[PDB]
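To begin, one chain is listed below as structure tokens, in the form deposited without the named molecule.
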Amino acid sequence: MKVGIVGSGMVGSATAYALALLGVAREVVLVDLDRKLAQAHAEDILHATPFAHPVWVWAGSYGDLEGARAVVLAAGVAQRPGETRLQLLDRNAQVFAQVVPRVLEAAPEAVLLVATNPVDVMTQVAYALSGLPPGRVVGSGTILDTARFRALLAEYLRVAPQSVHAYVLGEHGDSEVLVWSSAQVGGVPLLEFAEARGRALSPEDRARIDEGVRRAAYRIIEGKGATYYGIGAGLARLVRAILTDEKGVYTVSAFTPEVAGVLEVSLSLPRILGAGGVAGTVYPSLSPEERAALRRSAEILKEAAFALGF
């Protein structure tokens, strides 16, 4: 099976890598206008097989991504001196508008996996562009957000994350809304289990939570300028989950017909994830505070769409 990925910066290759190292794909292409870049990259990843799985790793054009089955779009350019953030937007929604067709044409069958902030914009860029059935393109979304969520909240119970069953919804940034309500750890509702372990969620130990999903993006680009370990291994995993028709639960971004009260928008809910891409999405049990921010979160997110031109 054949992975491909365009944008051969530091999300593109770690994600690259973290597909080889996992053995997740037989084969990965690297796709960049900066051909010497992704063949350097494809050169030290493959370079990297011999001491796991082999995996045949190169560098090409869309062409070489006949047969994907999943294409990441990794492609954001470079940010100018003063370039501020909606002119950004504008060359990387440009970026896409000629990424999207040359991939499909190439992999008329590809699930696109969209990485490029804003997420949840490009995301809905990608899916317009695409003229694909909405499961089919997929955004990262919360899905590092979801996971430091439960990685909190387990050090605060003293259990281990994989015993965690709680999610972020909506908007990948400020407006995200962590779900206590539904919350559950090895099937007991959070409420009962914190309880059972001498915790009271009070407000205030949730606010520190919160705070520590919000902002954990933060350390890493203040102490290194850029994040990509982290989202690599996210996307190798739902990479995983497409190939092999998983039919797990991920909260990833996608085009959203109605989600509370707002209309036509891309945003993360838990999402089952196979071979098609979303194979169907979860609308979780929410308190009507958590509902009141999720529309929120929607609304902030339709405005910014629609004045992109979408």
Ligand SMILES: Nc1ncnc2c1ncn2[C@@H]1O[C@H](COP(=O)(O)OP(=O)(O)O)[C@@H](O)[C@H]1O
Given for the second form:
Number of protein chains: 4
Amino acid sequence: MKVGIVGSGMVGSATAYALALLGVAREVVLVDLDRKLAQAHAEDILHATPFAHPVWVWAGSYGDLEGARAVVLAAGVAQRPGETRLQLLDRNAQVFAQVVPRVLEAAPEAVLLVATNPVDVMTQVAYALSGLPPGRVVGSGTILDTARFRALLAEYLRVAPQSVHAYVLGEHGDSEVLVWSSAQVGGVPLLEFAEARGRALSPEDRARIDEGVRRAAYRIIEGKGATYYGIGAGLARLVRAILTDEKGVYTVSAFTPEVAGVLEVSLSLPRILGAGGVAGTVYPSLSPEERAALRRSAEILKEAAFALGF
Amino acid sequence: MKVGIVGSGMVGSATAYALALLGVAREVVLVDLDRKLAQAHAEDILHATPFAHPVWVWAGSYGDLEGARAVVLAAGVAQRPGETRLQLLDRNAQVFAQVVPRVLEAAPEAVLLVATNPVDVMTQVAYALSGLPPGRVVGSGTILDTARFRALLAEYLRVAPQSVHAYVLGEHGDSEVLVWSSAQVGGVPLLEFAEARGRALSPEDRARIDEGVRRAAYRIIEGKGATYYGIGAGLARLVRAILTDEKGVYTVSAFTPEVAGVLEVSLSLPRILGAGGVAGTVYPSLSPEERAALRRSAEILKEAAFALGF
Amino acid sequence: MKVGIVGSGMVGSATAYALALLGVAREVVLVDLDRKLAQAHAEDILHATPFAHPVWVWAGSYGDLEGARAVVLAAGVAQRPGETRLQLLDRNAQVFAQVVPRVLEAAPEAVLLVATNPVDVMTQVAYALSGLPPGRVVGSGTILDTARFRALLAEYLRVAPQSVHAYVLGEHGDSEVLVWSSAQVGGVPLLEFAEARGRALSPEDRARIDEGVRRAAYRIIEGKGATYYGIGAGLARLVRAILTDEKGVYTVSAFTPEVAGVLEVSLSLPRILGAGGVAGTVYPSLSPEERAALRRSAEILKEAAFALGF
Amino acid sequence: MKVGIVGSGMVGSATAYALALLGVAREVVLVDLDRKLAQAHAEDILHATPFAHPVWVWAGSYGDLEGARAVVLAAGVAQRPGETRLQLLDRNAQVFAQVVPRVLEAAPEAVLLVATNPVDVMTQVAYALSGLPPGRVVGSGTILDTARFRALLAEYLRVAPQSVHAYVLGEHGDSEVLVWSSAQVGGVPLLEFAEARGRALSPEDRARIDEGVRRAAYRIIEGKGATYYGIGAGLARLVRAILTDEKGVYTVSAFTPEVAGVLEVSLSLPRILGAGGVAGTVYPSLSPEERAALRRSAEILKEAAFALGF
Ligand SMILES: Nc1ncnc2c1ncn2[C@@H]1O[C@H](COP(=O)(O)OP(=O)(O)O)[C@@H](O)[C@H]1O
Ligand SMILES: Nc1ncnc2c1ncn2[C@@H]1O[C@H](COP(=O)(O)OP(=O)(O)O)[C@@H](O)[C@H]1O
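Could you output the structure for the form deposited with the named molecule bound, given that the previous block was the form deposited without the named molecule?
And the full complex, kicking off with our chain again.
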């Protein structure tokens, strides 16, 4: 079935591309302020379809979003020199104040998947503006970082990543929490199963993995100036979760009534994703340190929200 | 790359078919005492390939197994009226005494995947006859039962099966142990996460699921007289593990030095499967009851082995 | 979406398996006179699903076919040795007289895919009994044979089978016509492009290929006593055509108002397959010999029909 | 199963992405002058892998290309506005004079897949600098254009694109030739099968389709400023042809001893692609007009070559 993407820039277009190569959705509609850009991306992708899957990819207006199961909000403004993360945040909040109602007008049944950075806050803004139930608005959140964590662990232990269950929670960004505490492999505690293999996870190792997960976006942005590909494919996977009513577990950003003592904040927790959006929350055990860090992350997300008027 | 299958009957042929439809291997070689049968299965499957994948499926002799990474041993005798499980076991043991050296002569260079029932014992016999390291001989074991467990649980909790970690261990058969103890969903304890939805599992629920897992084979055999399809696809997935050096976790039957107090027995535990066969064992927490049941299962498998002279 | 299968024997069950491993349809319903058989096949396949795709496979009754896009008719009687092809044919015609209305009662919108041999005649019987438009009733026909032809040619010329366009037409059976005349590779005449490579197709080559195609079914039946796997996957591919509204070209059996001079007969011609069944016919150039042979095939199919009262 | 990509920009990175999402290769090496760029693209894509396939994607130097079956040459300089197509071409030719010997030093076994525009000429330059046999150097050529032709025809006819054989030949660019003449559907002449469905192609429809093909790249570049996605996936499909020794037919650019009267020129013709590169050419029937247009295209490609010194 059908998926909308509003915001046709690098992230939007990469998401479309991934949807198309993976054969997730039958239909993909690109909507962008610059009409010509969306059309160009659409046609470029359309060129690729014959080498993967019969996906109808096209550019249109908000109205064309009718019936989309999900709409990804990838929109946002040109970064501007000598402008505080705050001013940018403001201009984007304004973009979303345009976009959300219009998307909802056409496709009142859709789930909104929020892309645009910073993702937790934008997720808050969209939840606020949508007047939908909280679970209908999902931010992409920490999924890439969680996946990378699982990957580095997998690689350390010489085990399939699929057998590694570990989480990254909180703000997607520097304050994100890697939960080492309750992490497991094959359903047994990580660090135990570390001895149980020949591989005791020195704090130095812990630190090496942390750098690996934490600084990946920074490096990507330093070398190429933006991230698209990873998130494009993550968004694709979430869109697939939504369309197949998978009810699978992903660490995503949503409005949470209370987390670690903080009230009414959007951030990433493991959540059950399916056709109506998120349908349930999974609480892994946190150590006191991790809980404290989560609490901090949430606090700071919450003050951001407040500073912006959300 | 290349996979051998010895014994061409319903299980062997179904395994080949699954290999072929899933596109696991490049090449599948069927070897059977009845040459015409293997050739007929081969060509039937060959007919199917154009509707899935370019897989070369053909019938040959043991020598044709050269270079196969894995060889599935599906061989075994016609069951015969009012013959004890013992006499059958005996005749099969002798089949394997033929087959094993012949397979290893041609493909000294292979992992043996044991199909033939009863699977744990047959796995013991093959381990014994091979003189290979224990991990090069793997029985299909409890995988179907573990997967169905995961499935029934998944279905109870309204959650994707992928997010359910639960095990079935021991003898593949009536003994088998369902480990409810350490079972989890999304990396958190099952029963906890039961109340953590709309969930609490009543003992009659646990019993309904237990019937579901455990007596499945019996029902299948009562209706159609044999099981092939499930194990065909299970075998396929293990073969894929082996060929891709996946190092993933499966509950499979192998020779284990000690389990739950019993010495030198073959049975199903979660094991790490990869290119050289099993490469490590994962020990989930067992409750005292579960541990006792496991101990029992092992004991009985071990006496079977002994009775047969293994 | 949803597919029905009526008759649960080797062909039915294999088709179900294939549908499931290939992830064609979300739902597969097995309906068989012997309820226990259908249920056992269903559960055996269900065991396989976790190793491929989330397909819901279950056994039920005709009423449970509601909403299926396609229903495969695989039913039919136990053979009896020394019983003429005619009496068998009769026995089956009566089976279909039982099945067809019942299938159309529950799922009046469905396309009927006719498996049961001899397939052309059964296809006629089903067309007659259905009172549907002709294109709603499609026999599996010559597809396996056409694919095999393409394959052997592909292998002769050292070229991908995808590039080879060649047909097998008429009765599925001995009298089938291999069209060598208009056969091409990469859109250019076969025999020409034969000199255009290093291989000029001697008549004994032609003959070798002919043997390869026409007698395959015979060999399979001599070795294993029945064919299932190939047609299982073919049926699967046709089902996928119908459910995706592929409008792709397959040589299938359907009621044809006139072919090569013969009137109102069912046989295999290249036809465009899609959501409403066949939607158009493609006429390849035939040589006078080929046309004659086709005419013969049709004549004999038609007299068969008449002898049976169709 | 390893693939190199030299030059890291939009086309290179998109090709890597596509390789990775489609699960073509086990390993993808990015090599770019700007080391940081390659690394960033690599890591961004790596982030995506967990949502599709276990592909190892990394950035390294030419030496790291050892053992690659194919290496895509995507490199090429920044376009300066004002600058004639000739100066650009000169700058690119020098880039290739650096790159080719380096790639062949590390991976003397590989097959060069030429990306960089203008593709036919760059393909010539690479062939010349390689000193390899002609079929070892393959340009991406007209593939996207051929596929869109087939697509628009398929759409007109309401038939699956897979059943449409039609070609685009010559210079990838404005002077490319659509062969309407020998085009067929289901192995029968297009225009005939046009009346054979209801609705023949009118000079107006032929023109509508022509615009659709020939001008696509222009529109894409006017809207987004570059094309990547389509060719990324095309390149991917070609790489898959090479690695699976597919021997399939693609219209690609290679050095051709003679075409339509012109001598020693590189351009797109249907060619048989496999593990050693191209392995044979397929000559479709051309009408005199088509013939003439091809000869023109070739002439102009050849003068381009000469002007540059090739
Ligand atoms: N009000 C709006 N409605 C729709 N699209 C918008 C609006 N404002 C900005 N956009 C689009 O959002 C896109 C952002 O793309 P880009 O700057 O690459 O950021 P990202 O990398 O997050 O996609 C731009 O292409 C712009 O056209
Ligand atoms: N000594 C042997 N060597 C090779 N193949 C054998 C030998 N003994 C039996 N077989 C084959 O093993 C197959 C047994 O499979 P079958 O009894 O049909 O169902 P299952 O797959 O459950 O065993 C038979 O088809 C037979 O041809």
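Numbering follows the first chain given and starts at 1. The term rigid core refers to the maximal set of C-alpha atoms that superpose within 1.5 Å between the two forms.
- With the core held fixed by superposition, the comparison between these two forms singles out 203 as the only member of 225, 131, 108, 203 whose CA moves by at least 2 angstroms.
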